[PDB]
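Engineer: Spelled out from the first residue to the last, the chains are:
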Amino acid sequence: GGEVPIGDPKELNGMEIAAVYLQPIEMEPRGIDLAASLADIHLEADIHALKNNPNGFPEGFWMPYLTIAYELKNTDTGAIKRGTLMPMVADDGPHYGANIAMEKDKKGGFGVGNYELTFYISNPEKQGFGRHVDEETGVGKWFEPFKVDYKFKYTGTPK
Amino acid sequence: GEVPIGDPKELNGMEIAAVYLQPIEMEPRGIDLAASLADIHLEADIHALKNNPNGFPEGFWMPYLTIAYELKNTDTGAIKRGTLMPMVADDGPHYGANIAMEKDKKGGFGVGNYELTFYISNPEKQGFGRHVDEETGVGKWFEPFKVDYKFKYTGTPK
Ligand SMILES: [Cu+2]
Ligand SMILES: [Cu+2]
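From first to last, the protein sequence lines stand for chains P and W.
For reference, each letter of the first sequence is one residue, going 1 to 159 in the numbering used here.
For reference, each letter of the second sequence is one residue, going 1001 to 1158 in the numbering used here.
Treat the hints loosely; a few may be bogus.
Said to hold, decoys possible - Heads up, simulated SDA-like pairs for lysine to any residue below, C-alpha to C-alpha not over 25 Å straight-line:
1. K104/P <-> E1134/W
2. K10/P <-> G1092/W
3. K1009/W <-> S1121/W
4. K141/P <-> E1027/W
5. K126/P <-> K1125/W
Source of the hints: derived by calculation from the structure; they are not laboratory data.
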């Protein structure tokens, strides 16, 4: 396989937010995500700090402890599935990801076609990650929860 | 600013350094010791080295670590333990905790010679995953470990 971009990256809320997919990945620990042989893609959100990030993250750093829900809709068939992307690390660094059955899903029409993808992103405080707020070392308030949308044509597992 | 604690350690693909500074105010409230009750903010500064074996780019903050500390005054014999919590300041993410020194009601945590230990477990304990396929996979995570520092605490810098 290879790494396929999904729509255009957004710059929002002090972050660059891109979506990509690749071949299904084998992940440890076993059992917390869909096994590679049962999936058709690995969906990733690639989210890093912009310059002048208002929450203290240096430019280029991965944004950790985000809650990222996704909804994937085939607009041709109407099929919809949702889940949460989980934090993990690959050889090129940390990301948020999930293995997803597409052609292999028999409970809907998740075959080749036109898709709408939405990420629903909540800030790190939802997971109990802290921020300094004192004058001397403090940072700005976190963004409120938000959505980003992408449209893309799915043409099959990277093969 | 920040006072260095002993000398940094390089292990398991990470640079592990300790510093302290004046107490800070953290949100959300009710988790970190309140600034007025504390004498220092202790930080563990943990970043990837070159060729990190778990795929983290050089210089990246190492996230999802579980970290406890033990602080021992070697002059008095006083020892306290706690947990460092992940948070972000104006100089980026770290693991930190406000700590009562002079203001600790138990006594024995004043100006003096100290030993500081961190007990660190890997991100998989908090459910963080790793790719293990041939193309994009990375090696196994470190077993829980400790690292030790010696320093002189010269009093609260607040
Ligand atoms: Cu992944
Ligand atoms: Cu802190």
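Engineer: Hint by hint, say whether it matches the structure.
Structural biologist: Hints, one by one, checked against the model:
no.	hint	verdict
1	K104/P <-> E1134/W	22 Å, holds
2	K10/P <-> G1092/W	22 Å, holds
3	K1009/W <-> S1121/W	16 Å, holds
4	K141/P <-> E1027/W	10 Å, holds
5	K126/P <-> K1125/W	19 Å, holds
The structure fails none of the hints (numbered hints given earlier).
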